[PDB]
Each structure stands twice: as structure tokens, then as C-alpha cells.
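The chain below stands alone and is given in C-alpha cells; this is the form deposited without its partner chain.
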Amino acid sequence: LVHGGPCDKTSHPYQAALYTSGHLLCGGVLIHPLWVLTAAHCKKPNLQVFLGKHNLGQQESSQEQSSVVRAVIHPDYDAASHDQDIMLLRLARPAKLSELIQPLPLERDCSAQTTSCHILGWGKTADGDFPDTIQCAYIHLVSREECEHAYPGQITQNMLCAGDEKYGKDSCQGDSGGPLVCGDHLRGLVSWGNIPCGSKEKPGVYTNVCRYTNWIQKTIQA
């Protein structure tokens, strides 16, 4: 996450860190004790999910680790266009909830008026390094027309754009699958955007979670 700052320790209990071969890969969102929501392009072998983490460089009393027993990629996911970039991960062990481990409710209404949004993650910072401490930034949803002009013919109804006109606060590599939180609900998932990272002109592109509330419910209830 570029041009942001360290999160408040108690403000991200739904944040998951996804590992493969002992390295941070992506973010994720805890949405149910047994399920983590992430981006489909984060699919790697033997995924390890860490909940209750703030600083990845230290062991923390609140952390809970789980292997993934099931990875459910959306059936219409298209790697090339990042369309329908969503995946559900079933945890081997249901998450032990605490003040630092809690699910985040999803936004079900695609017509939600809120634009008081924030992003979070352990992705690349402005200096190019990977932070040990989780980063946070407030961003705003960008109109569909403006996003369509920024990325001609790349924006589907399954994507939502967000950014910041002032400093270009944006998500980056490693933040993928992480949450775009609007009005204390999950509104989007970090999917793709401008390289180098910066949202002043080209906003970040997020999976539009409200479009998937039926598919999520059917997967969890299967």
C-alpha cells in the first residue's frame, strides 16, 4: 500500500495474511469463522492463512494460523482481464474469534451511497520495500465513467474503482485480495491497477463484492 501509514492495532480484525513457501503472498478478508475471501490470482500451492496479525516480523499472542482445505475460484474468473477476480478459502480450523479476529460483513447493495472507504495491507510501500507493520489509507470510490476513461475497455460491472486525488494513496503488490472497506462493510477486493502504484490519475481496480453475494452464500452453504 503506497503513501499510507501504519493501521491502528484494533482496527483490522478481519485482515488475513496469505503465505506460500514461507513468504507473504496476498491479503484476504475473514468473512465467516471457516472462510477467507481473497483474489483468484492469489491461488498458490499449500496456502497458509494468518489471522490476528499486525506485525508480520514478530510472533503475536493474537495470531492464529490455518492451512486451507478448500480453494474455490469463481467459475467465470479470467486471468488475462482480471475479470471476476475472487476466491474463497475454507480454513482447516474455524477461526477462534477475539478482539483481534472478527469477520467483516459484506456489502450486499450495489447501489450503496457510501464512499467513506479504506484499504489495508502488507503490500509494497512508496520506498519499494515490504512493510512488517500493516499499512492503511482512506480512499474514495471513483465514478464508473472516470474509471472507464482511465482504463479503456478494461472495466467490467464486476469491478469497482477507488483512489485518492490528493496523494495517490493506493493498494500495491502483496495487498491483493485485501479489503476495500466502505461504511464498515466489505465493498471490494484488491485486484489490479496502475504500475507503478499511485491512484491520482489511474485509480486502483477492486473486485465488486456486492456482485458475488449469491455465489458466496451458495459456496459457504454447499
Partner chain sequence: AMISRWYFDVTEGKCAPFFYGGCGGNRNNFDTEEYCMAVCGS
Second form
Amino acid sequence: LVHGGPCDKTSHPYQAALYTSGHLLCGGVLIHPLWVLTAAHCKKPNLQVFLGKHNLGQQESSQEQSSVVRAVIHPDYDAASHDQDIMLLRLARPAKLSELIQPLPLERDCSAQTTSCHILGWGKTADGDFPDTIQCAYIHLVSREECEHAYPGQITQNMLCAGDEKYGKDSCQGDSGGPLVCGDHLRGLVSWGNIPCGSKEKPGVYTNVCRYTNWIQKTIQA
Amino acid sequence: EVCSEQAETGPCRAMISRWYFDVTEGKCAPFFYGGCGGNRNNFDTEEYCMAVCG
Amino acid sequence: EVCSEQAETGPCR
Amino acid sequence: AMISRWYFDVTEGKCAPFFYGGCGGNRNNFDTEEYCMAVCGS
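I have the form deposited without its partner chain already, so could you send the form deposited with its partner chain bound?
In what comes next, the whole complex appears, and the chain from above leads the way.
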């Protein structure tokens, strides 16, 4: 995340970290005691999920780790176009909820009018560093028309744009699959955006979570 | 030539360990790929990168 | 009716 | 605080999760989906 700052320790109980071979790969979102949402392009064999973490560089008493036992990538995910960039991960046992581990409610209404949101993650910062402490930034949803003008021919109904014209606050590499949070609901997942990261000119593009209500619940119910 | 291209993360926001041939170094080196797009100077392993660009 | 009341996160949120 | 609770959403006809701060609010506030639907479900 670029042009943000450290989050408060208790403000992100739904944030997951996805690890592969001992290093951060992606973010993710606890949406149910058994299930983490992330971006489909984060798919890899034998991922580990960390919940309840704040600082990646130390062992934390609140943290909980689990192997992914089942990965369910959206069947219509199209990597060439970034369309339908969403994946469900089943944990090995239900997360034990606490002050620092809580599932985030999904946005069920694609017409929800809250446009004031925030993003968070352990991804690259403005000077190229990868932070140990999770970062946070407030940003706003961008209209679909402005979104499509930024990326002509690329924005589908399954994508949502958000950014910050004043400072360029934006997600960046390492943030994929983390949450776009609006009104205490999951509105999007970090997916793709401008190179270099920064939203002053072109906003970040997020998987439009409200479109996946029924796929998510169907997958969770076996 | 593919082996002279700059290492490109691409526009997706993952942190995937990959390898690219570095021309001045004369060998392959790690970089973090974003998960989509980029270019062909991007290999799963150091050996396969060196097998193609070495 | 309790069930028609808005969800209220309350002042400790 | 941020605590996941449940309330009956009249636009959906069923209970839904929301983040509760831990104090105050009103009585449309249940600790499980089952309890919510037992009180407010049709």
C-alpha cells in the first residue's frame, strides 16, 4: 500500500496474510470461521493462512495459522482480462474468534451508496519497502464511467474502481486479495491497477464482491 | 530478444517469486511478479531461466 | 417491533 | 470494539451480520444467526 500509514492494532480483525514457502504472497479476508476470500491470481499449491497478525516480523500471541485444505477459484476467472478475480480458501479448522480475529460482513447490495472506504495490506510502500506492520489508507469509490475512462475496454461489471486524487493512495504488490472496506462491509478485493502503484491518475481496480453473494454462499454450504 | 527485457511486475498485486535474466549481471536474478501480464523474461526457476537465457 | 429497528453499531465502535 | 453480531434485515427477510461496537445500540442485535432467526424469522 502506497501513501498510507500503520493501522491501529485492533482495527483489522478480518485481515489474513497468505504465505508461500515462508514469505508473504497476498492478503485475504476472513469472511466465515472456515473461509478466507482472496484474488484468484493468488492461487498456488500448499498456501498457509495467518490470522490475527499485525506485524509480520514477529510472533504474535493473537495469531492463528492454518493450511489451506481446499481452494475454490471462480470457474469463470479469466487471467488474461482479470475478470472474476476471486477465490475461496477453506481453513483446516474454524478460526477461534477474538478481539483480533473476526469475519468481515460482505456487501450484498451492489447499489450500496457508501463511497468512503479504506484499504489495508502488507504490500509495497511508496519507496519500494515491504513493511512489517500492516498499512492502512482511506480512499473513495470511483464511478464506473470514470473507471472505464481510465482503463478503456478493460472494466467489467465484476470490477470496481477506487482511489484518492489528492495523494494517490493505492494498493500495490503484496496487497492482492486484501479488503476494500466500505461501511464496515467487504466491498472489493485488491486485484490490479496502475504501474507504478498510485491512484492520482488511474484508480486501483477491485474485484466487485457484491456480484459473488450466491457463489460464495453456495461454495461455503458444500 | 526476450532475455534483455526489463523485469516487469505487471498490473496485478500479488508477490510471486520469479526469475529474470539480468544482462549486466550476466545471470538470472529474483524478482516479484504481480501475477498477470508482464513479459517473457519471467521464469519459475533459476535453472530454467539460465537454461533459456544462459 | 424490535426486528424492524436499524442495525446500530453503538458508541463504542 | 468490533464484534460480529446479527440483526434482522427487513429488506432481505432474514438475518445478516454487522459489526457491533460492544455497547449500547438497540435490541435488534443477536450473537448468532440461529438466535436472530428464532426471534425475528417468519
